[PDB]
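Next comes just one chain, in structure tokens: the form deposited without its partner chain.
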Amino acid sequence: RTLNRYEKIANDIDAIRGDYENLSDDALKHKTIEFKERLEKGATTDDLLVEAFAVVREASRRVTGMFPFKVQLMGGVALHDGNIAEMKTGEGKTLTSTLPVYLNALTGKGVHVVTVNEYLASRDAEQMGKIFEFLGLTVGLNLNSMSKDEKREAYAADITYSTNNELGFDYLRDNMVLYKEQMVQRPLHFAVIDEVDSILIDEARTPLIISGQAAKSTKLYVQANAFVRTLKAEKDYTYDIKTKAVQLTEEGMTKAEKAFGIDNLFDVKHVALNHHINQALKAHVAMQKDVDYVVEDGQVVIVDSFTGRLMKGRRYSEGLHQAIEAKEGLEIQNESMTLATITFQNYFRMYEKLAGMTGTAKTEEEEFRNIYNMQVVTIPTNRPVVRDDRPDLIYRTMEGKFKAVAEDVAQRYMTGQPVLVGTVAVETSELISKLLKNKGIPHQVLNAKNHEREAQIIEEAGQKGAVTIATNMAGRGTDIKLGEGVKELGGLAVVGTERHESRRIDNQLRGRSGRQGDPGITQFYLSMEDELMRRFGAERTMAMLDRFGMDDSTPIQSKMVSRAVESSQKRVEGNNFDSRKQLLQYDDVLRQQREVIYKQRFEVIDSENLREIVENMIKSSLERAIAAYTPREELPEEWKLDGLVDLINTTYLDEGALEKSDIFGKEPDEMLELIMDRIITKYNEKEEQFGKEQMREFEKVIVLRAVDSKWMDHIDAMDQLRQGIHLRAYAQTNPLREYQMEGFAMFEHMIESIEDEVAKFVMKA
């Protein structure tokens, strides 16, 4: 077993703690100095482990008044080995991210502590930064609003606190620089990841895309808007609700053809008009206003699907954001164009040692073991969980559920107990807010649109008699500390309102109730016309829901609807599993290609003389131009060498240097040496003419511009191939092998294009 090793090391840390207590301050900062000296001299980070953890415990007390328990030391040792410490939600997973961060921050290579959003990153960075800046290490905190100089000074600190989005985007913007000293990140060393399930399992379903803006279109967005707005919800389109997909019908296609003057909407001449009618249809009926975006000062701001926060830089792609902006009469902005792309799997798998801690990982041990080779270590709880965890209450309608949840928080407000209601949308939270305005209950609400007052809401949400309504914002890390006299009456009744897409997310909400041995009550109120049941519930049970009746004063007591609820949630888990797995293997293809190009682009950035790189590009393009003429199946003296002399004079040797008598039907090697010697003397003339240093800046600009433009075009061509791939599974093959073979052919055509562009731009200019 591995657990008994961690208990033996935790007992060793207690033994050393026996001597570590009476050391004065300014004799512990010297202990960090001594640890760096011993780590430089001959030691590793394992031996120092025992001593280092004891040091942090003493430092922790003096800075914070919190002493680490023994299970926090077991979590620190399990995080140091590269494993996933599953400690229960509420059991202090922020001091156990202080022990191995200190131990692996001593060498100087730098530790990235990832969290889910910026409230938790700033929250952890202040307190743990007090602990670390006590001990003589630096702490940086990397946010979205920082300039590149402040980000470069944040990653130059010993410990960096950031979100996962900012780490991914700083990585992708490090490989779009023009100089080596514009990169912000250091070489990647050690990532501790708070809430590993949310980052590596949940939101690794989606990629990080960085896109610059192309030229604007506005005419067809407004035309497709004005068409789709008059379109008769059941007769001219069908909104599939199982997967949120909207299509026209035959009356809809006929009205689309008669409103635009075209004859067939499904030509190849009108792929653009059909694309605009499709995206205006999706933006009109499949996307609702306060659920998955907002309007904020004349702009559409999308609300994050996982965290429920405003993602104020991100925009919907494939022309959907402009269709939403045209839906509400806002100004339509320029179309994007993907520059760089990565996944959270392939980003967190370039990190040389990757750890993590979470509360709800034991469901996903096989996924943490297959993809990342990290094993979930389940760690004890130091105090038993006395959180009263009541079962669900299924109702028949949404208004019955909301009347019942308002009556529950009304009866809990009367005794002074704090309630935290938990929704997922920004409109159901204001629906229950207006259900609690009348009935006269003073509450607070933490939507996506109420992000500025979050700390003052969370500081008050555990006091005697405080009601909070909270979306996904306060459901993953929010630490509601109980007030005065509030533990005695069962502190922080958490009241759910729907079931989420996994068991881990609602186990996290119940975890907001619990909080290390303090009492708490959770309760989930459910409906049968929920979004989860409407989308994913099986078609068999709906007859029985008709059977149950209609008064909705009391919940359903049956095991049929409970089986339906759990089966629908397990279907959402299975769908997300499959989507995650196929995104993983298709970005494994694109990961091999991206690794090749990003490595070689970086080694043409910091190369002090890139003459040999450009010369190999000219030589490879030259031999491909030789073999593209003079075909080796054909016998010589028929090889149409006049076109070869024309092409070489147009592309390499200034229109006069090559004539047909110099080559005259040789074998390709000696004529290749002749053309290569004429190219190398023209290039050496240009090098001694231009200047040794200005030539390198010139051809660095040429090489980087060619690599960047052809790689953008390759990212977009690989996305269109990834669309057509399953149709290739119709003819009985598997489509992943077709994707790998087409991706390799397409990559090599791209690189031949890069070499041809660089050769003709260096030798004809």
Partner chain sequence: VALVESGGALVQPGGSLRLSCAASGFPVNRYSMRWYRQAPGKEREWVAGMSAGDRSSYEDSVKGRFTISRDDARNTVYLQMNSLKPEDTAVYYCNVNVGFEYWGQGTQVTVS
Contents of the next structure:
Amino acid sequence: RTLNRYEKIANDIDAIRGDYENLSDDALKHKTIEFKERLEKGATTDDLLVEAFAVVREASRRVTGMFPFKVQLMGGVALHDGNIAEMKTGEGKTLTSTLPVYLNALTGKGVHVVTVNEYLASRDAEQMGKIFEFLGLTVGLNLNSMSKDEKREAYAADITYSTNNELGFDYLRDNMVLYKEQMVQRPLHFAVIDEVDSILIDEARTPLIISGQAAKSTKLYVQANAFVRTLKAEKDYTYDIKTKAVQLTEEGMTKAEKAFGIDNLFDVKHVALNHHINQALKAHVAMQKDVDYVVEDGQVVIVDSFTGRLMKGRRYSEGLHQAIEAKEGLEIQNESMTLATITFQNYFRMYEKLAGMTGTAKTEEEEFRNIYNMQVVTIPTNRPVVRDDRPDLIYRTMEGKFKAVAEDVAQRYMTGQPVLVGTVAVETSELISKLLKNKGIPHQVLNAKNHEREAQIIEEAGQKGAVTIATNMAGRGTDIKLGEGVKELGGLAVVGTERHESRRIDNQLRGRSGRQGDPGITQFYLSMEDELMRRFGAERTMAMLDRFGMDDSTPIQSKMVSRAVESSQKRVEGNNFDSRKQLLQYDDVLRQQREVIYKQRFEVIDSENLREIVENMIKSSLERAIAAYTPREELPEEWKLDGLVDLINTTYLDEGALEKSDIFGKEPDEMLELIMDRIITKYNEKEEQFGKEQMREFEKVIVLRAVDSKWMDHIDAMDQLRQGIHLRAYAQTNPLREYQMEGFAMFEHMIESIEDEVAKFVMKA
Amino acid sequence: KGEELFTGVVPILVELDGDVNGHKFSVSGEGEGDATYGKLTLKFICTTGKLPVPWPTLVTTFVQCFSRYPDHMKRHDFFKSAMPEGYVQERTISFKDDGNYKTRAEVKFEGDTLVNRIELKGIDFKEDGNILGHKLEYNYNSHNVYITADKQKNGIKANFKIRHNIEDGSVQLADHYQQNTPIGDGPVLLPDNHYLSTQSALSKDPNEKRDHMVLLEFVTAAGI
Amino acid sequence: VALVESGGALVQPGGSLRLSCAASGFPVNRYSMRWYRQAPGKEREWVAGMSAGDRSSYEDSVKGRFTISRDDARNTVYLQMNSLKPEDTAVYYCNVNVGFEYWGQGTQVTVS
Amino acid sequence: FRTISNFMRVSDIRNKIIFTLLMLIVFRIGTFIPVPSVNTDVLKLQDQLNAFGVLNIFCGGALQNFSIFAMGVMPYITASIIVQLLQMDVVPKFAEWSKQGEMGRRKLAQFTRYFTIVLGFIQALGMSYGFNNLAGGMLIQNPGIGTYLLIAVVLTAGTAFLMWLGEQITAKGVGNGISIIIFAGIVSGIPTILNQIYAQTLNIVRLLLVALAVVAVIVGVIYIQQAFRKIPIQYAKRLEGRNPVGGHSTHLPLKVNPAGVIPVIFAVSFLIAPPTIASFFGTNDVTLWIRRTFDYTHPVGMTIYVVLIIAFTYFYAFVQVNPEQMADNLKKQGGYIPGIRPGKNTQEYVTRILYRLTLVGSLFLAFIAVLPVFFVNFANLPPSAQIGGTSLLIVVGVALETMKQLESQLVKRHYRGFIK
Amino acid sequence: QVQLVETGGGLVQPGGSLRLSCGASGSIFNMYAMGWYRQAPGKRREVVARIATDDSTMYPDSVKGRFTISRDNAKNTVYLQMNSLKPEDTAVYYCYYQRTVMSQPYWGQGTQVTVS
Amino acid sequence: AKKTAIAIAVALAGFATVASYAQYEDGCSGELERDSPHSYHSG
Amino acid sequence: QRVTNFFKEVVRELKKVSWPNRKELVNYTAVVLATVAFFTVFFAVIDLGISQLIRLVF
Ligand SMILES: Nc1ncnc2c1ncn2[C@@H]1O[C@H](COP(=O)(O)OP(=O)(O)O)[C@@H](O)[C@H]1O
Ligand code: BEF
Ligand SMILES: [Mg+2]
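Same protein, different condition: the form deposited without its partner chain was shown, now please give the form solved in complex with its partner chain.
What follows is the entire complex, opening with the chain shown before.
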């Protein structure tokens, strides 16, 4: 068992500890210099494990006062081996993160400590920069707000603390550079992902997109808004509540055809018109105002489902964000156009070693074995969990739950025990705050709109008598330290308000008061018109068990509805697991296409003279022109050499350099070599005429422009057919194989088009 | 807005009648214009017979609203202020070593489509020069149109010189003085000096019979 | 379509010079080739130009002097100047119109 | 060949075709292990060839059969189509398991497993009872209703093992599991049939005309299997690709033969159910009329067998494609036929297309099932060399649709890049 | 492998008795199944007598009980004693053997017992 | 009608079991056969 | 006259099926005859092999 290997390493580290704690300063930095020289002398990091962990535990004693535990040493050993090390939420995982980060930063390449949002990235940076700058290592902190040179200075440190968005977008904007020295990332070495179940499991579904800006349509959004604002909610559109999808009813289609005056929406001549109506119809009803965006100074800023924060530079795509901007009369702005695309499995599986930790891994354990080939090690507590995680309170209708949660936070305020009220939305958090404005309680709401102060709200959320209403911002990494006196009255009762989309996420919300040894009394409240029940609850208990009698002065004590709540949450997790398996095996082909094309264009950036690569492109286009005009099926002298010689005179060889008498009845192989010799001579005269480094710069610009424009089109065509391939199961054909074959043929027509573009632009210029 | 409404492709009718030295000409044509890329793809057909003055002396007279604008010069256009209300332009075109064109055109959105109605009157001509001797190569050069505004007439005065490749190996430098007038009187936009960097291409159709000019043309602006 | 001028430098009035413009991407024997001059501040005015064959026309103000010819084998147009006057101090250009209109990089001639 | 060299150079697909061949060996050794207590002497002597009224064998006849795999995966085929027929709004435990997602679908597949093991048990009882009742008066030693159960549970455990290695070869070997096993249950009888056709011997002229008629009907069957009425579909919800090509445009491939082979399988079931119930009453005057009119080689048996093929392939085509479920599925998420209002009118459009294309695959399947009588009469072959039918239609289907799936690994290998 | 002769059949009226003695050449004989079948025209060919290693005699439904089969070594002979004959049994008779499981049960020649 | 459908189940099922008496005679095989995307505007 | 229109539009919708054309048709017939020949020969060989090995195992 690897747990006994881990505690024998932890016992080694405990034993050797005696020759520290008397060792003064400026011998420990000297030991970092010692491990650097002994590591470029012949030993490996596994052999330097116990001494490096001993010196980190003594320097972490000395700098910050948090002397590490034994289960934290077991966590460091479990992370260094590549294994996810689930340590329960509260047990000090930030301070285990400095053990293998220090160990693997000694060699020289980067160590990316990835985490979920910028608050706990900045928090861990200025808390562990003290330990890491106590031993002569650098620390870069990476952010959204930085220019390219600051991010390159941050990445060039020995350790980089960042978020997963900024890492992924640095990788994409590195593969859209023009010079080799405009790249911020080093070649990738190691990541210690804090909260791996968000990054690698939950939010590894969503793909990173970079979209440069296209043309501005503004008339049709205002037209489609002024139409769909008059549609008489259920008689003309429908709204599937389970998956948020609105369509028009048969009356609404006739109304649209007589409001725009047209003949038939569903023609082909009006596809764009139909598109705008559908997007306008989704921007009204399927996504409400404060639930999943906000309006900040005339821009709709969309709010993360997962992290809870608002992400600022990001836009909805396929023409939706403009329909939201025209819903509210804001300035409609330009229309995006996808340039680059990655997903978090495809990005994080390029890292040559990656570790990670969380509190709630075990539920998804095999997935870390099926997707990433990492096993989840389970590591002990070091102090028993005395956290009274009480069971639910299912109610009837919503406002009964809100009246009860205000009564509960009132009667916990009258003792002075701090209460953290979790939520998920921002309009329900300001709803419950205006339920606590009357009843007279001081509180501090922490929405997506109140991020600007929140780093100090946390240090007031744990003294006597605090009340703190928090959305998902304070739901994963937030360390609410208990103040003075509060531990005696059982500190930090966490009152949930609705059930999340996994046992992982709400177990982590309860972990916000599970903190080491300290007691905390958590509780969830639920209802039956809670929207996870109305979306995802089976109809065998909705109308059949909404018969209790509507008073809501008590919870529901009948375990039919508790079975219903657990069944609903389990089918949410099941839908997400099926979607994650599906899109894993469909994104694992454009993984291969993008690896090939990014490898070739990184090779055409950092080559000294790409004379040979462009010549190989021109011969690979020439042979295909030759074998196109000279087929096998026809016998010779009926090959139509006139069109072939005109294509060579128009495309490769001036307009009078080739005539039919130069070929007239030769086999196609020798006629292409007597084209290719003239091409090589013409190219070498153009090289000695145009310059030596200037022709390199010229052909590099031509090549990169061709690769980038044809690759924009290929991403867009592949994601155009990925929509339609699930229809292709009605011929009983396993649609993944259809997609993979058809995408390969589409990629080869893309590369044939690249080589044609590079050929005629290089030698008709 | 106005032409910010016409970001999509625009139909372009061109109608031209004119007289030089008592000799008649009438050329029509149709094509498309685009503003977000800013190009003109135009198929033009001489529907009277033969050209008295040749096609290169015709191309500046044959619609300056189809420019491509980057983000900063969006305030500094006149040609999106008089549209869709309509536009009128007349030019004094002085050929050096020859006479003068006075061209007379209204360029406006008739119905939807951009119609350029041109009547050209070419006076002060001797036939034994180069233009009525048809000494022009079948080409047109790249240029920079200088644009300024006047507020006594609240319109646009444009100055430029153009360069025709003469088939003897010379060039006809000819200067255009251009007057540009709104028809409607709404929000006028009179910017400072700027310049249209323009380039062209003249070609033909191999599957067409009569004497026809095919025009492809790019406009960009800069300066402000 | 890359016209490159070369062979120009500073010169005292009297020492004869040779102007080369090497063309790339088209053959000269089916396109008219031209040379312009430009003083700083003055408009880039016309000097001379061949036209697709066996004739050429010069401007009246430097006639009897200039020679525009071409190596059709070497794809290059040459300009003989013969006996500098200080009026000829200009940036010289070679020019063509092959669909689009193409200049060179601009060569410097200064009659000091 | 230059492509089979490709198939046996790359590592994983060579390992998995070798795993497929090993599992077919593990299959075919079990046909020589017999049922534990049967008198196998009477089993091999019983040869009542054909053209007999009572014996009007169809697919070749399971006469010299009755090994432990002899029940076949035919119980799984009929149980799977029973539960497919029952998901359509009947017994809504299955309807809610269907509409809920895929881990309910695991319980649905488990229901199908237990309903197969039940039908395998009771149909092994019926098969052994009939196959001792007339083919040989005594076939099981120690005979009686207490001892049919041991050999019936041996047969049911056997085809449980056959479904086991079916799902093992579909996990680790090449393609479909039980389709490769059925393909191995059909093509492994052609050695004996070549022995019988040769041992018969228009010496060579007849056999050459036969072989080219076989290749003509096999190219007819590839031409009808591999054909699509590509209905053009159009998703309204993205921007049409900003300058597309339109060559690979999203479509909706209706097969010409949507019902597969299955309608002729339960057409032979409803054919031979009334003779096998009228065989109980004893030889009457009407029983011989019944076995003359339900002998499918005489021109009233061919006609009602053809009309049952036409009827069940219309029915099972509409249960297979299901135009109501696909139109509701199209307007549920976006797309629409260009020109067709996506509620009711798109289901009536795909319904009319589905009738007019089911007629062709319908009479194709009727002809491909009444072909083997029209070779046994008009070519004088041994009347167990019955080429045509299901045994043709699914040999070529399994062969192509594992060739394609096999060579769709090479395109994963063969990415190029523009550099080279 | 073994050579096999069948005696005792001939011409008899319906309502008599016969004794079919089938004698072998190869003398080991401790085998799987010895039997007797017909293949009259109308083929059906039905095992009329069947005897195993346990001598567990098996008979079909038409001729059950009236017949008997007897094995002996020291002259490798099986005995299909036949009683109360019937005109339907106008058939050739055959005596078949088989060594182990399946192992291709081999035939013999027959005796054309005529009864009418 | 959907009641018709359950008949069309049972009518074949029992017949598929009564045909099993004559499975020496049949012997045939039968084949089996079967959020809102968000971008990041650069610049 | 419903049949005399119906069979007409059957023949019309046979002009809209995407039929496999001659090149990959001949490719497919080569494939299927190759697999049936190889599996016939393979099953003949392994039946002879396990027959002649079982008949000495008895
Ligand atoms: N060795 C230690 N001694 C005392 N306190 C510790 C020690 N290690 C961690 N802690 C405390 O445990 C708390 C856990 O913080 P953190 O690591 O953010 O939780 P998590 O492990 O869930 O990320 C911190 O407040 C820190 O003060
Ligand atoms: F207790 Be942790 F920061 F999820
Ligand atoms: Mg943490």
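We call the rigid core the largest set of C-alpha positions that still match within 1.5 Å between the two forms. Residue numbers count along the first chain shown, from 1.
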Worksheet item: For the set 544, 572, 404, 222, which residue undergoes a C-alpha shift of 2 Å or more between the two forms, given alignment on the rigid core?
Response: 544
Practice prompt. Just grab the Cα shift of residue 583 between the two forms for me, core aligned, in angstrom.
Written response: 1.5
Practice prompt. After lining up the core, report the Cα displacement of residue 159 between the two forms in Å, one decimal place.
Written response: 0.4
